[PDB]
Structures are given as structure tokens and as C-alpha cells.
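In the block that follows, a single chain appears as C-alpha cells, in the form deposited in one PDB entry.
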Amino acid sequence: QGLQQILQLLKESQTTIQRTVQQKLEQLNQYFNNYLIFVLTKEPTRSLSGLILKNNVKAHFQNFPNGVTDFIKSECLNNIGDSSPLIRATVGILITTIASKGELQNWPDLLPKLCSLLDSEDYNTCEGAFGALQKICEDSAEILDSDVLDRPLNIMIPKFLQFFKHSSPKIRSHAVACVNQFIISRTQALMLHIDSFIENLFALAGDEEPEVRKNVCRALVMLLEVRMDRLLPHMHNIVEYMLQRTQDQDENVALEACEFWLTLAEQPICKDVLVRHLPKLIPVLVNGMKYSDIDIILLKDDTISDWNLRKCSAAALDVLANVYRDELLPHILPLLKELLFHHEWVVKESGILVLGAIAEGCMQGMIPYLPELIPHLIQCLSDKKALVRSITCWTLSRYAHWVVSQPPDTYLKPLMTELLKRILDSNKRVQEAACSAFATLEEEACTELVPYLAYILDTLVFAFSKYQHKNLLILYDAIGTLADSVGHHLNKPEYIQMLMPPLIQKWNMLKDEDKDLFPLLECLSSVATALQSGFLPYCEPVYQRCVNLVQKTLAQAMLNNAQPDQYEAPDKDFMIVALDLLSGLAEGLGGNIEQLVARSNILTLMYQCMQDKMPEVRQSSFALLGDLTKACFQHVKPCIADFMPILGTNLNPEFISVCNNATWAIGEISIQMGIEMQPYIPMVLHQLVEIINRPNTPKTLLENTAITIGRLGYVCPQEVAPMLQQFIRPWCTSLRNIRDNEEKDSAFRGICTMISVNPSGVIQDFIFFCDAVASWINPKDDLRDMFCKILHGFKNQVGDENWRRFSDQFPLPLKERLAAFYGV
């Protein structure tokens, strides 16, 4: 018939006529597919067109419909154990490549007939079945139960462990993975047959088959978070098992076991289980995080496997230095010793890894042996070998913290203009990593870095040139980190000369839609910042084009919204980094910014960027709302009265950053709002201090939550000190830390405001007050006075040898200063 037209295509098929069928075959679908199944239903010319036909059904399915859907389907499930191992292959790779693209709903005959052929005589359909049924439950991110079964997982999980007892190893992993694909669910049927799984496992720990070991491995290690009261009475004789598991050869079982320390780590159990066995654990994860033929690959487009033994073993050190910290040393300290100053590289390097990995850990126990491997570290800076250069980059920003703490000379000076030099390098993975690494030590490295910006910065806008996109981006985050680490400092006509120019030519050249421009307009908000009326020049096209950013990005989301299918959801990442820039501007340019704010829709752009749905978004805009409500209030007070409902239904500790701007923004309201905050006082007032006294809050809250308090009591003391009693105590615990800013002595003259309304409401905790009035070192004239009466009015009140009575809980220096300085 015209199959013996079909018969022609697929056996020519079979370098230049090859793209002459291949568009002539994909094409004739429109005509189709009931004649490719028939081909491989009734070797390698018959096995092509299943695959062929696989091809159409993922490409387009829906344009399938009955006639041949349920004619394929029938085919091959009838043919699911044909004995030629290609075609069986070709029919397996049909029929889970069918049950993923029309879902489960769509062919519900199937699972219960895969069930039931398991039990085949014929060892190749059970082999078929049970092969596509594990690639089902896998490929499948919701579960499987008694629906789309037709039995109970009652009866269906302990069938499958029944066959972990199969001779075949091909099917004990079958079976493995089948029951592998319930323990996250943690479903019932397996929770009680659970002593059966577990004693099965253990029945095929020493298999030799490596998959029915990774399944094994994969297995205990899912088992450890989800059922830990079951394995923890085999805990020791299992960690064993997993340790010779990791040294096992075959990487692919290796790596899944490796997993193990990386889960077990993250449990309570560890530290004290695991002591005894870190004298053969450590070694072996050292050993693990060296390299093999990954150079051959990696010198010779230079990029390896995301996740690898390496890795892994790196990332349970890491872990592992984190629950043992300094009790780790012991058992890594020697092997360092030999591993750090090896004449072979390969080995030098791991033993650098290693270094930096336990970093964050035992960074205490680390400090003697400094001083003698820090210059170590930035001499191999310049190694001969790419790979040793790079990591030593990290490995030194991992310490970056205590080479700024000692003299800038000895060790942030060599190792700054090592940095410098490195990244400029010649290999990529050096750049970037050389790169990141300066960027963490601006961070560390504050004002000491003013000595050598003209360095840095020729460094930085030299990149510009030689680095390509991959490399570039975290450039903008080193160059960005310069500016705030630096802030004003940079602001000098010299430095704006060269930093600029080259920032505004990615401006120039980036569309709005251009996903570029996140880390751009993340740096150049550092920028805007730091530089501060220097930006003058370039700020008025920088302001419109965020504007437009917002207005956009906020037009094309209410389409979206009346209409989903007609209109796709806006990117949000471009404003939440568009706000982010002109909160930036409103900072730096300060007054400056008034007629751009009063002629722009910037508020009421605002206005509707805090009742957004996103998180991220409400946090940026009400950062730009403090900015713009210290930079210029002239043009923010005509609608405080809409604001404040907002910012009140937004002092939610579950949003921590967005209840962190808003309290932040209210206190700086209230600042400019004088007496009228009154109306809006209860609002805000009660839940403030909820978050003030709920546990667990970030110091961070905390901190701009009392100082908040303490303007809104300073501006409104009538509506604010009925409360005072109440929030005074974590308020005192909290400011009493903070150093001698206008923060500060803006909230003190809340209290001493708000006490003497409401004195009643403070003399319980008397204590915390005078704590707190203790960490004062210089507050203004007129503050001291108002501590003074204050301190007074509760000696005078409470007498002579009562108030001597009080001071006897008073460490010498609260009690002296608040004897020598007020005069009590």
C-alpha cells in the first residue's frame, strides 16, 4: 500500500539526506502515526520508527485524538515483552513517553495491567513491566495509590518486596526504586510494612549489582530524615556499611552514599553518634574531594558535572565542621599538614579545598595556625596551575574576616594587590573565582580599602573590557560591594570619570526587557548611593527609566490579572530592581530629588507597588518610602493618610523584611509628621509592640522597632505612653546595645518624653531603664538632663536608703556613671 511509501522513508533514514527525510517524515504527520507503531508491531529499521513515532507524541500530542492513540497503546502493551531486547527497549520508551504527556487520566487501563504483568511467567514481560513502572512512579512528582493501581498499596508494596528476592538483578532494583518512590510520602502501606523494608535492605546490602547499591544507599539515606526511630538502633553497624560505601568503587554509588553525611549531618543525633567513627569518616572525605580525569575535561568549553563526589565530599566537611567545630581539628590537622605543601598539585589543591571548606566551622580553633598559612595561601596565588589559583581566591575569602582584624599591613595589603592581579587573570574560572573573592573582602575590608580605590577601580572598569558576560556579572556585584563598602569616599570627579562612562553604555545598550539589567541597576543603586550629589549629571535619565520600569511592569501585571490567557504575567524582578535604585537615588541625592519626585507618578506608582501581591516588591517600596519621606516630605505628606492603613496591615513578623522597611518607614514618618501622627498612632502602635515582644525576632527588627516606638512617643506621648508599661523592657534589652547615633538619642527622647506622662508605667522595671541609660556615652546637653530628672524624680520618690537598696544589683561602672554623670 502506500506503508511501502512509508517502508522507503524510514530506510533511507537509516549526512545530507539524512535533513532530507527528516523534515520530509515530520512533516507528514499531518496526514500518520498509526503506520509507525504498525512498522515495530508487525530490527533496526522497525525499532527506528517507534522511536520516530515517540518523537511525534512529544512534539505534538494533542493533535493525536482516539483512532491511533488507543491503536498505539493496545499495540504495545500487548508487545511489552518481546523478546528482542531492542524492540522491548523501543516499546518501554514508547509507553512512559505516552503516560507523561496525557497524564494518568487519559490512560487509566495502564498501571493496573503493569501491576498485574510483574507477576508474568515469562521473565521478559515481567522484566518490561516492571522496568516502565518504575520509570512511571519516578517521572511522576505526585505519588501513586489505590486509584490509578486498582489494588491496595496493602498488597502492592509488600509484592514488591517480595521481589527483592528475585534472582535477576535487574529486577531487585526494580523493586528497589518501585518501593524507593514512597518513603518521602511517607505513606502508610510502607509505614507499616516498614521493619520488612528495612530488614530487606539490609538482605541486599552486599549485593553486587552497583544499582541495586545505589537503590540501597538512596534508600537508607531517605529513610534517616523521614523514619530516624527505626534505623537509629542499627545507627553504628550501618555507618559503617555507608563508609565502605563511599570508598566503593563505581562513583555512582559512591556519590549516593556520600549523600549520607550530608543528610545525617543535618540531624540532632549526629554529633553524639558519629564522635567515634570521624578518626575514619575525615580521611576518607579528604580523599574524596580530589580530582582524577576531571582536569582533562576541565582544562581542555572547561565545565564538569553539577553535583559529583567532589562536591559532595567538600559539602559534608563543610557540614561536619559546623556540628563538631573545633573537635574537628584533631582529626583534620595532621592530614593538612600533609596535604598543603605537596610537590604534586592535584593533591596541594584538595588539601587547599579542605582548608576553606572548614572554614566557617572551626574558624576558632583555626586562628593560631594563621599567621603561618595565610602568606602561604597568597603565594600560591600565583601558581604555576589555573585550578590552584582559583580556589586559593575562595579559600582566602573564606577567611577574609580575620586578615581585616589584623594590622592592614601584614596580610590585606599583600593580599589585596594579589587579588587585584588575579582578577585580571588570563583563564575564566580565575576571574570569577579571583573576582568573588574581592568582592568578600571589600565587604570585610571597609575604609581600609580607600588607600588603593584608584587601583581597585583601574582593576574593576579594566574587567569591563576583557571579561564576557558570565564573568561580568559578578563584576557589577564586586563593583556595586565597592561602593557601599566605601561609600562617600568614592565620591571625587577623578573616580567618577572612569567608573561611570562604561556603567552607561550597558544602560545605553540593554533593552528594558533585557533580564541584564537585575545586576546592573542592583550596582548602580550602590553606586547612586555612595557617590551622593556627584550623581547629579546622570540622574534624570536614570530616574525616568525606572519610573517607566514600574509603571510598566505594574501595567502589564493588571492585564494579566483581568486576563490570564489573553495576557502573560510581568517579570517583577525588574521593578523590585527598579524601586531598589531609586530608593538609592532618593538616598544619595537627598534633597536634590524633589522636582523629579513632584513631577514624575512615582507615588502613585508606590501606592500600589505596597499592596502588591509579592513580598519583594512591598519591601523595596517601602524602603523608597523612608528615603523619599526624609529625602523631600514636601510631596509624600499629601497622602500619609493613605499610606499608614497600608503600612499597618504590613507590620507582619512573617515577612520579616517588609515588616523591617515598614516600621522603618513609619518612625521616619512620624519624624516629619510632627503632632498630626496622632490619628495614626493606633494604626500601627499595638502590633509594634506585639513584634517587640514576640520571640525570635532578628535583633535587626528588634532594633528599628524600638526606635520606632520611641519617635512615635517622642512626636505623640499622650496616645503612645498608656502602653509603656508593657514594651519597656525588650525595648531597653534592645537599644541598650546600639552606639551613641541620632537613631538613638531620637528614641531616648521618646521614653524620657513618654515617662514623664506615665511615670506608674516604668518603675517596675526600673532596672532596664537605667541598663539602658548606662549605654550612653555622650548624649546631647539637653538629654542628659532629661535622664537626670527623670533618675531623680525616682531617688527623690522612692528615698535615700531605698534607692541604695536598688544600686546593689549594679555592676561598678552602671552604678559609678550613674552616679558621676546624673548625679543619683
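Numbering follows the first chain given and starts at 1. Throughout, rigid core stands for the largest set of C-alpha atoms superposing within 1.5 Å between the two forms. First, how it differs from the form deposited in another entry.
Once you line up the core between the two forms, the CA of 181 is the only one from 459, 181, 532, 481 that shifts by 2 Å or more. The two forms, fitted on the rigid core, differ between the two forms by less than 2 Å at the CA of residue 469. Core-aligned CA deviation for residue 164 between the two forms: 2 Å or greater. Core-superposed comparison between the two forms: the CA of residue 92 exceeds or equals a 2 Å shift.
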Given for the second form:
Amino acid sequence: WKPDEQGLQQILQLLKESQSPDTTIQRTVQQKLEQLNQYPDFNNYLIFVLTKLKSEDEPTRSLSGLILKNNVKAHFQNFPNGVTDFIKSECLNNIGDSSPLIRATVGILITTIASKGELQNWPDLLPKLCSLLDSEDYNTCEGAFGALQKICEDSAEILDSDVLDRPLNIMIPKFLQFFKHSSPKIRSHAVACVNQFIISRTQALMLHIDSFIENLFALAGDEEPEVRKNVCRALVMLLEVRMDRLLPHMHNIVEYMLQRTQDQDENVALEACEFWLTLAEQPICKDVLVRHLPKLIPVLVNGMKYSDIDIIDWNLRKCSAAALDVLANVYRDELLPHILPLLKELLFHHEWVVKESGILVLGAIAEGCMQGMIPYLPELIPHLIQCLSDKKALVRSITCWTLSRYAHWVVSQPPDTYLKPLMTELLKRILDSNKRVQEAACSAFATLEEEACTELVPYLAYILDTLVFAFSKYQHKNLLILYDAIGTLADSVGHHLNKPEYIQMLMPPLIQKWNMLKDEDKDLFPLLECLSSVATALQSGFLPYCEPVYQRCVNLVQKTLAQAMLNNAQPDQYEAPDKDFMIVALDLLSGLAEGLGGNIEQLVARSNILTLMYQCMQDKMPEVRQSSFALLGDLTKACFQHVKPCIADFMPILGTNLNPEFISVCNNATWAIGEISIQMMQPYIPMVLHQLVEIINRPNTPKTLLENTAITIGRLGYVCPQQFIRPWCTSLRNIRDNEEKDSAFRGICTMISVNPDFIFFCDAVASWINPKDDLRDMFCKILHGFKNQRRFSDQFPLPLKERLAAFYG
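In place of the form deposited in one PDB entry, output the structure of the form deposited in another entry.
Below you will find a single chain and nothing else.
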């Protein structure tokens, strides 16, 4: 409305000065704009220069537009409506400016406005844009489509929200009118728009699906890459949610996608390749592939080679390899006749790129085809071992990974034939001069450590020699993997790590990196998780190290809780904290408490850990509760004297976290209640027992959750209970003989004495591999008691019948 000459000359002057090649003039223009941007009339001038000053050249008009855009995304709340509306009007009025740079700038402006200040503060953006599609001038329709496309991209919840009153029941049938359109750009926009609303199963589209699918087929023949790409990705998404609709055309579709997977445009080929990934998740995959699988496997295998440019994330190679992995899991051994001739031509090829693809294939199919591959492994594994010292780094690294994919088989064979040389050469490769090899080797060794477990004990010194040595060699990316390897080693070899030499060489560099990291460095996550395992493993010895670690961890929990409260108080000024610092800190405290046990009392005596835990147990985030209940169980065992005052408060929460939807929260709560039981509690039993019985009869997690529930129910055995013995026995008969099993069986003996039942499982379960004498006498006293109280015992399998004469017949 009111641009005056002095103002215009001054702002144009500032834009010219901002375009100076001189670096100092730029920095002071920066502070000058810094000040000016907070005055709305300045924004009025900026938009005026963008849209009205035809006189000025394009980079000036565009720079004005972009500065304005930055202001509209750090200061838009404080914009009054008169200026906002002047910008809005001028944008929609200039959306099709004949300069591409101006057009693009206006576009960023529109989309950034819609973004920062939500789509309803602009009630009429979409309607005008939509009507602007029908306009004559090409640039106008192109610009409007571009804007809509961006809006649909990031503002996708336009249908599920319904804030602007069904903002898609108009647009979608309008996009589908433009599939037919003469210009490739507009077709592309139309499809890219619609595509945003497929996986959501958006009503407006779903009730137009036939028109959609038909127009897509009509488009299949299009040679403009962006259209092919978008059709391809349309079909891929459609395949996930409306399978029914495309069954009748699947043969022709598979033919099309298989053609496009071989497309010369990398992007088309990649979008096509997604088809195999998502098709492999549908149960009709085999039936649909019967006519095409023989061609499909070699195309994927061939696409798994590194690209020419890659020889220097998601790409054709990775997609193809993932597709092969899933197909291997679908077809299992039926795939091997398709894949073995390719492997024979690839694994020994003289061109390293081809060999590399072969090793990749060999790894990819491992999970699905493991059984079928066993016959060939006595030849392939030694060969892979040789490849570990291939002179091409990318061969070494992929070999590392594939071997790790066959670690189980390697471990199950005699150690000297495969395991020993593999571990030796993996260790060598950990100290490779190539960083990709280094991390591949460390990761693969971690996987092997995990599978081998105790089988590593004899090589412990050489392993530690290498892992420690890696500290001085490794950069940042790779220290993370190194910590994971140390952690898994400690978990694998347990207490065997507790030797003075090992502690002295391992701990100092761990503390060294501990001292470098600040409480805000995410690189704490692997180190602390490593320390937790080391602490649990080093049981006796860590003592000289616990103090700073305990304090720092507790402190991290404290400051996390603080930041969370502060953010809950003022979200617009204080960042929500990353709760992983808290989860990891709890997890290390759990490990410390398990390792040191009772010897952590002195540290807990000086601590508010229980008061922090009280808030952790009530956290919204499941992993925080799971960690806090774990720490609760460990401290219950280690130093109950500090916990007892809190039990009356803690128990109703444990009672409210016996929800099997969260397996590990429910589990850790249950375990906690078992440990606390042993230290105690009649009034708390009713709030927990019914749920535990529900959990033990539930047809899910027939493993660790049920055993702990059983143990806990067993522990709650020292009460007047009133079945559940069927799954209890079923669950507990399969666990190793330890203290927990003892406690639970004492409970079942006391409980049977009070309400004797007519479903012997107990007897089958009673077959203890060497129970302590008092527990045995309890058993044979109850058994003998029943015998004093057959055709039924005829049904005992021989091992049972025989065992129950050695101890109690």
C-alpha cells in the first residue's frame, strides 16, 4: 500500500550490499537484517520487492523473497494479520511468474507459510490453489500443482485431521482429472499428490480406486521418468493396502515391474524394485511369482553389484539384496536351484565387483536357505575365510558380514576346523587399515561372540589384546562398535573376565573415554551399556571404579527428570530431554547393583536413587519403567534395608504394570515382586495375584515371561492361596536348577499342603537334576503322602518312572 522511495532505496540498497562478494560487508548486512526483520513493515517491503518490482533483476527479487521466508519461519507468530494477508494475496497472485526463480521463490513462500502457521490459519489456500489448476497459463497451473504437492507431502494429515473440513474429498478427484494432462510435469505432480494418501487408506481415494488404478495403467506406457517413477511407486503402495483390487491384473503388473526393475534410470529401477520387497510380505507371493521367479532372481542378483559411482543410503543394491533376503525366507530351500548356478559363476569370478556381489548373495540368502546350504558350507566357509585376506577392502568387509551370517553353523562344528581360523582372521581384520573393514570385522566378531559364548574363553587373552589395541587405532564411528564388541564379550564369557590382568588392561581405556564424554554426548549410550556388562561380569574387582560411575549415572537420571519436568512446565522454551540417557543410566546402575550386590549399600546410603526411581517407575516411556523395575529388583536383592520404607508406595505401581502388552515391563515388574516377596506382605497380594494368574494362562510368550510369573506365583507360595498349576509346572519344568526354581518349588510345596491338586504335573516337574536334601525330603514327603493316600502312574515315561524311584518312588 505505502511503499515510499526512501524506504525502497534503503531496502534495495541492503539487498545489493548483501550480494557483495566482500565477506565483511556480508557480516554487517547480517546484523542489519538481524535487526530489521523484527519490524513487520520490513517484511511488507520484502514481499513488495519480490512480487511488484518488475524493474529489479531476478536474484534481488528472489533474495528478498527468501529472507522473507526465513522471517516467516522464526517470527511468524508475531506477524500482524495486515502484513500476513498482504503477503498471502501477493503470493497467490504471482504463483505463475514467468521467471522460474521467482516462481520457485513464491512457491517456497506459500508452502513455508502453510507449514509454520497451520493450514487453517489460511482457510482459503487450498480452494484457490485448486481453482488455479483450471487456469489457462501453463506456469500458473504448474506453480499451483507444485505448491499442492509440497503441502500434501508434509501436511498429509489433511484427511485424518478434518480441521479444514474434508480437504481431500475435492482435491483427489481433481488430481485424477489431470493424469490425462498433456504435460509430463503436471501428470507427475498429480500422481505424486495422490500417492501421499494411499497407505493411509484415505476415503476420498479409496472410493475412487478404480479410476485411479485405470489411470495408472493408462500411464504405464509413459516414457517420462518422473511419471514412470510415480506410477511404479503408486503400484508398490497400492500393493500393500488394496491387494484385492490388483489381483486380476497381477500377471501384467509383475511383468511391468520386472521390466522397470531393469530400467536404465536408477530411480525408476529402485521404485520398481520395492515391488518385490512388499510383494514378499503378502501370503500370495508364491502363487503370483510362479511364472516369473526364474527371471526375477538373476535380475535381483545382478542389481546387487555396486554401482559405478558407488565404487569410491537406500539404493538399488540394498533394495535388491533385501528383496532376495525376504524371498529366501519365503521359498526357503525351493530357491536354491535358482541361486546356486549364479553363486557358482559369482563366488570365484576374477572381477572383484562380481565376486563381491556373490558374497553378498551368499549372505542374503543365509537365513531363508540355511538348511539347504549346509551341504555346501564345508567348501564355502574356508573359501570365505580366504577372502578375508583378499586385497580389496569391499571384499574383506562383505566377507566379514556373510561369515557372521553363518556363525551358528561354524560354532556347531568342531572348533579347530572352522571356528578357530575364522576367529583368528576376524581378529586380524579388526585391526585393518580400512575403516569399513574395521567396523565390518568388529560387528561380525560381535555376532560370532554372541553365538559362541563360552567357546571363546580359551581365546580370551588374544581377543582382549586386539579389542584393547583397537582403542588407540579407532576413530569415532568405530569406537561405538568396539564398545559393543567389549560388551558382548563380557556378556558371553561372564565371570571368566574377572582376572587381574584383564581388568587392568581393559578398564583404564574405558575410564579414559568415560572422562572425555560430557553428560550431553550421545556416545555415552554404547560405553555405558558396555560398562554395565563389564560390571556384571567383573563382579569382584570393579569396586575401585564404582564410585564415579554410580554418581555420574544417578546424576544423569536426576538432570533428565529435571529437564523433563521443566519442558512439561514450559514446552515453548526448554527442550524435552533424551530419555535414553536415563534408560542407559538406570541400566548401568542395575548392572552395578547386580555385580557388587550388597557391596553397593554404602553408595546407596548416600543417594536419592530410590526417590528418582519413584518418578522413573511412573514414566510414560515403557523402557524407563522396565529399567526402573529391573533396578528395583536388583536393589531389593542387594540392599533391602534402603528399599523397605518405600515398598508400600512401590507395590501398587508394580501392581499397575502387570500389563502383558508391554512384555518387558510386565516381566521386570513380576520379577521385582518375586524378589520383594522373599524379603517381606499379605495386604499387597490381592492387588497382584489375579493379574499374575491371568498372565500365566495367556497363550503368549511361552518362555521368559511365564517362568518369572511362575516363580513369582511360586514365591507368593508362602500364603493361604486358593487352577494355574498346569502352566506353572509346564513353564517351570524347563528351567535350569537354580535358587529361583528352588524358591518357587518351596512355595508350591507349602501351597499344596493347604489346598490339595488332582492334576499331577508336579510329579513330572519334580524331576530335579540333584535337588538340595531338604527340598528332596519335602518332595518325597508330599509324594509319599499321596501314595499313602497305580493305573495312572503306568503312563509315566521311563525316565520319569525310573527317576521317581531313585529319589522318591
